[PDB]
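The residues making up each chain are set out below.
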Amino acid sequence: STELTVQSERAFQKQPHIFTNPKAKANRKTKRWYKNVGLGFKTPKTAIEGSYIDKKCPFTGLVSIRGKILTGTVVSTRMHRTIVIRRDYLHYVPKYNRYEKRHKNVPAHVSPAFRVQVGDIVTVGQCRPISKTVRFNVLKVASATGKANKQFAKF
Amino acid sequence: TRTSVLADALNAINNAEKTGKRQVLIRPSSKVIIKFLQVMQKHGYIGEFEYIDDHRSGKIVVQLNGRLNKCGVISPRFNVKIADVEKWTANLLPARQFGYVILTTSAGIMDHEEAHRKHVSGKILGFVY
Amino acid sequence: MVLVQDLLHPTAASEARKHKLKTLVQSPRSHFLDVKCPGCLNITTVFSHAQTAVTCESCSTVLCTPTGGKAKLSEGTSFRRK
Amino acid sequence: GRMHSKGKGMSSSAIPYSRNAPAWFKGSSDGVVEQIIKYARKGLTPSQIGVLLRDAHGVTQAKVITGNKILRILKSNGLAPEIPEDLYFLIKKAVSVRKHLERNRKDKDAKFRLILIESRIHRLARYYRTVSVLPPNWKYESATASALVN
Amino acid sequence: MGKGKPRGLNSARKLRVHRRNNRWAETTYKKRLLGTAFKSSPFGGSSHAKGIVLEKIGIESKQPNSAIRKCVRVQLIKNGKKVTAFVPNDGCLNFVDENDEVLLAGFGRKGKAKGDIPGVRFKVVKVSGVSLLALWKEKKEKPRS
RNA sequence: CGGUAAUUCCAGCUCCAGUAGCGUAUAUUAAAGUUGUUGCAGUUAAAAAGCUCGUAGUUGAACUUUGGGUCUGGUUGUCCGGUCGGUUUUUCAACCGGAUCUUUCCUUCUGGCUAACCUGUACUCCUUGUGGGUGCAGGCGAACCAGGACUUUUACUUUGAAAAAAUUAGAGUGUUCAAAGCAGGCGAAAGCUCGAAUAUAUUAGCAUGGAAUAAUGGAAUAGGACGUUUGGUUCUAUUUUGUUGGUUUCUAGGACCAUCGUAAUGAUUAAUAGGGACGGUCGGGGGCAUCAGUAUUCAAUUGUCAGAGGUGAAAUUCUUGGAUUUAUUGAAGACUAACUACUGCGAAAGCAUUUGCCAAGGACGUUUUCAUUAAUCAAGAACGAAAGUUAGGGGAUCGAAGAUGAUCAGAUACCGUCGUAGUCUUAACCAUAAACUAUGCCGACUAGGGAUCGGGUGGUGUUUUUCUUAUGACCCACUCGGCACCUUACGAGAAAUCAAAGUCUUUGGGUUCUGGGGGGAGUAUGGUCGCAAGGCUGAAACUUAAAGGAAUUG
RNA sequence: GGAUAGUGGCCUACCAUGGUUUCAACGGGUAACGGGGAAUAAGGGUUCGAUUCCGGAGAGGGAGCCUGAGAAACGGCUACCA
Ligand SMILES: [Mg+2]
Ligand SMILES: [Mg+2]
Ligand SMILES: [Mg+2]
Ligand SMILES: [Mg+2]
Ligand SMILES: [Mg+2]
Ligand SMILES: [Mg+2]
Ligand SMILES: [Mg+2]
Ligand SMILES: [Mg+2]
Ligand SMILES: [Mg+2]
Ligand SMILES: [Mg+2]
Ligand SMILES: [Mg+2]
Ligand SMILES: [Mg+2]
Ligand SMILES: [Mg+2]
Ligand SMILES: [Mg+2]
Ligand SMILES: [Mg+2]
Ligand SMILES: [Mg+2]
Ligand SMILES: [Mg+2]
Ligand SMILES: [Mg+2]
Ligand SMILES: [Mg+2]
Ligand SMILES: [Mg+2]
Ligand SMILES: [Mg+2]
Ligand SMILES: [Mg+2]
Ligand SMILES: [Mg+2]
Ligand SMILES: [Mg+2]
Ligand SMILES: [Mg+2]
Ligand SMILES: [Mg+2]
Ligand SMILES: [Mg+2]
Ligand SMILES: [Zn+2]
Numbered sequence: 002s003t004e005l006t007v008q009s010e011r012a013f014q015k016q017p018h019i020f021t022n023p024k025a026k027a028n029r030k031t032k033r034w035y036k037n038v039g040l041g042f043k044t045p046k047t048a049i050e051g052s053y054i055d056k057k058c059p060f061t062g063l064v065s066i067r068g069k070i071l072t073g074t075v076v077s078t079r080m081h082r083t084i085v086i087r088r089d090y091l092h093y094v095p096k097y098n099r100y101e102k103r104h105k106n107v108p109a110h111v112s113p114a115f116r117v118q119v120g121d122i123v124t125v126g127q128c129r130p131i132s133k134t135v136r137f138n139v140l141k142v143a144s145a146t147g148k149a150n151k152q153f154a155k156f
Numbered sequence: 002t003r004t005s006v007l008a009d010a011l012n013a014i015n016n017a018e019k020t021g022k023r024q025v026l027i028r029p030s031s032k033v034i035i036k037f038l039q040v041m042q043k044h045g046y047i048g049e050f051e052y053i054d055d056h057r058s059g060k061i062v063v064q065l066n067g068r069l070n071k072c073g074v075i076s077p078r079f080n081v082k083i084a085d086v087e088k089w090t091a092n093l094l095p096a097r098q099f100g101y102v103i104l105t106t107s108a109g110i111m112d113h114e115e116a117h118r119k120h121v122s123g124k125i126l127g128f129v130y
Numbered sequence: 001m002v003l004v005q006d007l008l009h010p011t012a013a014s015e016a017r018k019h020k021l022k023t024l025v026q027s028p029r030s031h032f033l034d035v036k037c038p039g040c041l042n043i044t045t046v047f048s049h050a051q052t053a054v055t056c057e058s059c060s061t062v063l064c065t066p067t068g069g070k071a072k073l074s075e076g077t078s079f080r081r082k
Numbered sequence: 002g003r004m005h006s007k008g009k010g011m012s013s014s015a016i017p018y019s020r021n022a023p024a025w026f027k028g029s030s031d032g033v034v035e036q037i038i039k040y041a042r043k044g045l046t047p048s049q050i051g052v053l054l055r056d057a058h059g060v061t062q063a064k065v066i067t068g069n070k071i072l073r074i075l076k077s078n079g080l081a082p083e084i085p086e087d088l089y090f091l092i093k094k095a096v097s098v099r100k101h102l103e104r105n106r107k108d109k110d111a112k113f114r115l116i117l118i119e120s121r122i123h124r125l126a127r128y129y130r131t132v133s134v135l136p137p138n139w140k141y142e143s144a145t146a147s148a149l150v151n
Numbered sequence: 001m002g003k004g005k006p007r008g009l010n011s012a013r014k015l016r017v018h019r020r021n022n023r024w025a026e027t028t029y030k031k032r033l034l035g036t037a038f039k040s041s042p043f044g045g046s047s048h049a050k051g052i053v054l055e056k057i058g059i060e061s062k063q064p065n066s067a068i069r070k071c072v073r074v075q076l077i078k079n080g081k082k083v084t085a086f087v088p089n090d091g092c093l094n095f096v097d098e099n100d101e102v103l104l105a106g107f108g109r110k111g112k113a114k115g116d117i118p119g120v121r122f123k124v125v126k127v128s129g130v131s132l133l134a135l136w137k138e139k140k141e142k143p144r145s
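Residue numbers (full-length UniProt numbering), protein chains in the order written: chain P, 2 to 156; chain G, 2 to 130; chain Z, 1 to 82; chain C, 2 to 151; chain D, 1 to 145.
Just so you know, these hints were derived from the structure itself, not from any lab. Hints are supplied without guarantee of correctness; some may be wrong.
As the list claims (entries may be wrong) - Mimicking EDC-like on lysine to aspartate or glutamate, the simulated pairs with C-alpha atoms at most 20 Å apart in a straight line are:
(1) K155/P / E86/C
(2) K22/Z / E87/G
(3) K112/C / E83/C
Claimed, not checked - Some chain Z residues near chain G, calculated using beta-carbon distances under 8 Å:
(4) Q5
(5) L8
(6) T61
For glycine and all other residues, C-beta sits at the position ideal for the given N, C-alpha and C.
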């Protein structure tokens with residue numbers, strides 16, 4: 002979400018230490034470097050076919066996914082390239098021997114490879130500290146459509 | 002609403018057995034009910050029981066034996082961690098000696114003695130003593 | 001009705017007596033009465049609890065005035081059972 | 002025991018033993034299906050239809066004879082309305098009380114009821130939205146509800 | 001009956017918030033949670049209090065019984081508050097004397113009046129560093145004046 | 001407890017308890033099921049919001065793979081000790097697995113190792129043999145990898161890995177005993193030698209099995225599933241063409257629209273759940289509109305000459321220039337009797353003269369339709385008696401205030417007489433009542449009796465009688481819905497009592513709320529709401545041994 | 001970009017309007033250092049944990065820094081307050 006412009010800051014952003022040789026004359030021009038992420042996660046072609054740079058993407062960046070591979074649905078999407086994943090869970094309380102439905106929203110960076118909307122479930126890997134709160138990175142929008150192509154009643 | 006059918010059924014049983022009716026009717030009638038009853042049959046708290054098919058929902062006729070005392074149900078199906086069985090059965094049944102705690106589990110719906118042999122616990126449903 | 005009733009096989013008196021809902025099996029006690037109007041020689045399968053001013057197949061004869069329970073069959077009319 | 006009042010009835014249709022047909026009551030699956038889709042173009046609702054099918058003609062249930070229910074027939078021919086049948090009948094009644102209140106400023110027990118019917122609708126809508134019949138972020142009420150009717 | 005309280009396997013919070021907010025009618029728990037002991041209760045929520053005998057009072061008791069009780073108004077040292085302490089045993093306010101440091105104790109009742117002494121919640125123990133019982137019985141002797 | 005025999009004060013002797021300790025004070029845990037998850041109460045003892053709606057919450061009907069065989073591993077009791085108090089099988093057992101076969105896949109392949117013989121290539125080392133194996137082209141893959149492809153996801157539970165030590169429990173051991181400690185033990189007593197465990201800690205994460213339970217999900221515009229599809233479309237792209245830069249192939253892997261087929265092509269119920277449609281009904285339900293009775297009042301005209309009102313026993317108080325009484329009206333704004341009940345409807349509050357209109361509603365019936373929409377609910381709302389309040393209209397009588405006449409030691413109190421505010425209404429508010437069934441809502445199930453009513457069935461029943469009638473109205477039996485009694489309680493309950501206040505120490509169907517000795521106090525404060533009155537919300541300090549409830553006898 | 005050993009709203013510029021919340025955000029209180037544990041002791045629990053171990057803080061306050069691998073040290077220093 003934003004989006005599209007590729008090169009549109011005061012600066013002009015390249016994938017650092019990666020080159021698009023002017024002497025050489027390939028069809029792509031831009032050598033789109035990309036990362037195989039591991040942990041059984043497939044590299045989505047929207048990253049490798051696409052345009053955007055992003056430092057903070059796992060695929061098109063130096064961001065290395067590790068550690069806790071959390072999940073949960075997506076509540077908030079409004080900000081630039083990040084998401085807020087709502088990781089619901091229970092909390093056991095022995096003096097009762099029952100459960101609290103607890104909440105914690107997890108802010109998590111989006112590589113624009115994926116299309117993320119509200120009410121979508123999403124696996125998401127811990128990585129470097131991206132930002133203040135965002136220590137996490139969208140890796141797999143599981144509800145890619147979630148009845149998006151199909152509403153639609155009248156035969 | 003009619004919530005725990007199992008309970009709502011076992012309640013009728015417990016009322017029937019209290020007065021000494023030789024049978025009872027049980028409206029809703031589930032798997033759990035029938036696997037719960039089946040258990041009572043395997044130990045012998047319960048006679049025949051005859052699952053009517055309303056071309057529909059369920060319905061059961063139990064034959065009581067004059068052997069049930071209480072046909073318990075514990076209500077929020079508490080998860081039980083194998084050792085904690087001992088604390089349930091201790092607190093629900095009269096005596097280490099005899100009684101059963103009907104618990105659903107991985108294995109299906111056992112009683113608490115069968116579940117100890119198997120070494121497999123889970124949630125509780127009810128009990129009988 | 002006290003202690004031992006053997007509840008799978010009621011006497012049909014009870015089944016007929018008890019609510020059409022409150023038996024061993026919910027079986028309705030309505031029928032599709034095959035009414036013949038005085039006009040045309042053709043038989044309409046009139047459900048006994050119609051809820052509607054039931055006309056014939058085409059001609060506007062008016063067969064059954066829908067009352068609360070079973071419908072009063074309009075005027076001197078004749079019918080078969082089910 | 003009813004949604005809104007404290008009256009606990011079982012005014013009910015029973016449904017007979019046979020999922021199968023009552024054979025002798027004849028016609029056909031296709032003939033009845035064609036019978037239905039005339040009434041779907043005449044504007045009549047599944048609930049009205051099935052009365053007409055049952056009362057005059059030899060149908061017991063469309064479920065029985067066709068296999069499909071009725072709304073499910075109508076949908077298959079594209080004749081089910083945008084706003085569902087049941088909801089529509091409440092949205093009508095809502096309007097028929099919102100209209101009566103606009104005239105009668107002082108009339109409390111109708112205001113009471115209007116608060117019920119409104120709530121009944123938002124029960125049903127909130128149901129239907131979650132099914133994915135009506136599109137979500139769409140509230141079914143009062144000002145625009147008069148337009149949703151007609 | 002459902003028996004009032006909720007019973008869900010996921011209730012918990014509506015138990016644990018309920019039991020926070022009923023406890024508050026348990027007078028044991030309220031004093032502990034609101035520091036009445038510290039903020040009030042002349043002694044600072046403390047076993048005892050040294051306090052200077054401001055005057056030897058005779059307090060006429062409540063009914064059934066009838067006796068003037070021989071007490072001492074004190075000025076608690078630390079707080080500067082003034083209280084009224086009972087002086088146990090035959091006379092023995094004689095042994096207390098006037099303008100002495102007097103160590104006090106609760107009477108027993110966790111505040112409140114011990115029996116018939118209306119508005120006295122304390123017993124003298126040590127008068128200027130002895131012990132009234134040691135004086136009264138005369139096993140020990142007072143350190144002169 | 002203590003007023004001259006005080007078993008409680010104070011002293012001697014006895015004596016009790018504990019004992020090198022025991023008392024006292026404050027905490028605190030237990031006792032306290034007096035904080036209650038297990039596990040409390042709420043008709044009256046404290047406690048059910050006046051009522052309904054209602055978001056979060058919490059909870060939520062039933063339904064999808066069951067059963068039978070066939071072998072095969074254990075593990076203790078048995079059958080003798082077959083044995084030098086211990087051990088190894090069988091005659092037997094239950095119990096826990098494992099493999100399978102049953103319309104059945106356990107995730108599937110691209111390849112590595114195909115262990116094995118399903119084999120049969122030479123057929124025989126050889127008791128007359130299907131006892132036995134040197135042995136390799138087709139080839140059973142589970143005997144393991146090592147890489148794809150893509151996993152419905154959870155909760156739940158398993159054993160596992162981890163949860164520092166001391167602590168905690170606990171094994172070993174002569175610190176003399178222990179409390180402990182990690183020591184110790186045995187020789188020729190020239191050297192040797194056991195130990196320093198195990199368990200727990202369950203919250204979260206990680207591991208793996210299990211698939212009941214509970215949720216979640218998939219094909220209903222099939223854009224669905226597969227593949228001998230046959231076209232294609234976009235690829236991507238390594239491997240050889242000497243090696244670089246191409247272009248197009250053959251091809252093997254993506255991905256994407258076509259079209260040809262394959263299969264049983266794909267929706268569970270239709271909850272004595274709910275909603276919604278229809279039907280006839282029912283109602284003192286509500287709004288708005290009219291009609292009455294008839295009533296009281298004043299006034300009119302009318303008539304009749306001493307009192308009429310009032311009285312609680314008794315008085316005061318009023319007119320006579322007929323008040324009152326008698327009769328015709330008029331106005332006004334009221335109410336809306338008798339019927340009227342252990343009757344109706346309404347969420348309650350509340351609602352009875354009439355018709356009319358306005359929408360709503362319960363029950364009912366229903367082989368109608370949707371298919372989880374449902375129950376209860378902190379926030380928020382809607383209504384909400386009377387009084388009060390602003391602002392209007394009216395004011396008959398009663399009638400908070402007041403005057404005033406008696407009585408009594410007195411009495412601004414009854415009674416007495418009058419009588420503003422109101423009462424009544426309309427437009428605003430207020431938002432509480434013994435708004436009380438002092439009984440939260442839903443849910444189920446237990447006992448009969450007879451009735452009672454609003455629905456519905458059957459009676460060649462009876463009578464109506466206009467000839468058969470057919471409605472109506474009963475009788476009688478049973479039924480869904482409503483409102484209450486009788487007896488025993490074997491069930492509850494402290495009991496009164498209660499068929500719910502039962503199905504509760506044999507403690508668990510779901511949910512909301514409230515209470516934790518009495519007072520202080522529904523106060524102080526602070527919010528917040530109100531025109532205000534006041535509401536909602538809501539303290540402690542201090543105080544006190546009882547406050548109650550129910551019943552028993554007096 | 002700047003800084004840092006390094007990640008980062010850690011800092012700066014320019015841009016966007018997010019972020020948390022009745023599953024109690026924020027605020028207040030704490031006679032609160034956290035945990036191991038302690039007492040109590042059927043089960044469930046309650047209360048306590050300044051205190052022999054493990055973390056974290058502090059060296060009258062609050063700052064700032066030298067040296068040094070390691071200090072925002074205080075049995076180092078600079079200052080201001082007390
Ligand atoms: Mg019902
Ligand atoms: Mg409701
Ligand atoms: Mg006195
Ligand atoms: Mg306690
Ligand atoms: Mg209590
Ligand atoms: Mg009470
Ligand atoms: Mg279920
Ligand atoms: Mg020990
Ligand atoms: Mg008058
Ligand atoms: Mg009536
Ligand atoms: Mg009347
Ligand atoms: Mg509220
Ligand atoms: Mg009023
Ligand atoms: Mg007066
Ligand atoms: Mg009240
Ligand atoms: Mg009340
Ligand atoms: Mg109190
Ligand atoms: Mg940077
Ligand atoms: Mg502190
Ligand atoms: Mg602490
Ligand atoms: Mg500590
Ligand atoms: Mg301290
Ligand atoms: Mg330390
Ligand atoms: Mg100091
Ligand atoms: Mg410093
Ligand atoms: Mg130091
Ligand atoms: Mg120092
Ligand atoms: Zn015709």
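Evaluated hints:
1. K155/P / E86/C: holds (15 Å)
2. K22/Z / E87/G: Not OK: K22/Z and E87/G at ~43 Å, beyond 20 Å, violated.
3. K112/C / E83/C: Given pair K112/C, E83/C is violated - Cα atoms ~28 Å apart, limit 20 Å.
4. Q5: Given a least distance of 7 Å, the restraint on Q5/Z holds.
5. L8: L8/Z check passes; min Cβ-Cβ to chain G is 6 Å, inside 8 Å.
6. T61: Violated - the Cβ of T61/Z stays beyond 8 Å from chain G, reaching only about 37 Å at its closest.
Checked against the numbered hints above, the structure breaks hints 2, 3, 6 and satisfies the rest.
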